[PDB]
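Take a look at chain A:
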Amino acid sequence: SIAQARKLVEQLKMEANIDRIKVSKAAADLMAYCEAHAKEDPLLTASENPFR
Partner candidate 1 sequence: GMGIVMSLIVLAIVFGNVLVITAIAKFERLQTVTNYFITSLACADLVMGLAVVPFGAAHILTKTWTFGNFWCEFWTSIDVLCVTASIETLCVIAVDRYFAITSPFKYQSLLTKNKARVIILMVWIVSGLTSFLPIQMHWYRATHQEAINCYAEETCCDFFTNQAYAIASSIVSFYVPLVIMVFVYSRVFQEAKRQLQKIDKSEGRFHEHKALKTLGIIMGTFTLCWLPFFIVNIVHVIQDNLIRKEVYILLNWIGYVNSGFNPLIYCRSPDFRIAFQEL
Partner candidate 2 sequence: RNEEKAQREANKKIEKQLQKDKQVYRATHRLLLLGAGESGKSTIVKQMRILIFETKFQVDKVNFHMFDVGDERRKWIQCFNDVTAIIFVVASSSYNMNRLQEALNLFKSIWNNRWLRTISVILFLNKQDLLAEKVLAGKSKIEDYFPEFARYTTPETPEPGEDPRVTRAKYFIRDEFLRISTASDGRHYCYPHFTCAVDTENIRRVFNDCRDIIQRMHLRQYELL
Partner candidate 3 sequence: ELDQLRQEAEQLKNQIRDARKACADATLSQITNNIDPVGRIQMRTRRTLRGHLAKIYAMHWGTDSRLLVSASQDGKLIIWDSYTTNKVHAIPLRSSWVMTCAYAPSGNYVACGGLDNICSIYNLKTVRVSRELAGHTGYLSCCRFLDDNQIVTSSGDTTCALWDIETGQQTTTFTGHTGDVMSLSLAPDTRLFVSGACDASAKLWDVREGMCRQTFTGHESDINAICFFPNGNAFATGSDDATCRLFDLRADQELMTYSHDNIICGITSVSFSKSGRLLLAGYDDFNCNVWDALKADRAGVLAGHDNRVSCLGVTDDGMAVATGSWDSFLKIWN
């Protein structure tokens, strides 16, 4: 399967060339999102329960 190897070789180069950022920024964004949308989670935090 020389061809199978060729297909594998091309994909890695495409995977290799991409733009990436530091994990600190992503962690900060996730924490900010969780903090901002933490006031609208009925499971996490009693106006009505439809099941009541």
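Here is the rule we use: contacts are C-beta pairs under 8 Å (C-beta built on N, C-alpha and C of every residue); 3 or more make two chains touch, one makes a residue touch a chain; residues count from 1.
On the choice of candidates, all candidates are chains of the complex that A comes from, given by their letters.
**Q** Hey, among 1, 2 or 3, which one's touching chain A in this complex?
**A** Every other option belongs but stays apart; chain A touches 3.
**Q** Quick check on the complex: what are the chain A residues that touch candidate 3?
**A** For chain A paired with candidate 3, touching residues are 1-2, 5-6, 8-9, 11-16, 18, 20-24, 26-31, 33-34, 37-38, 40-44, 49-51.
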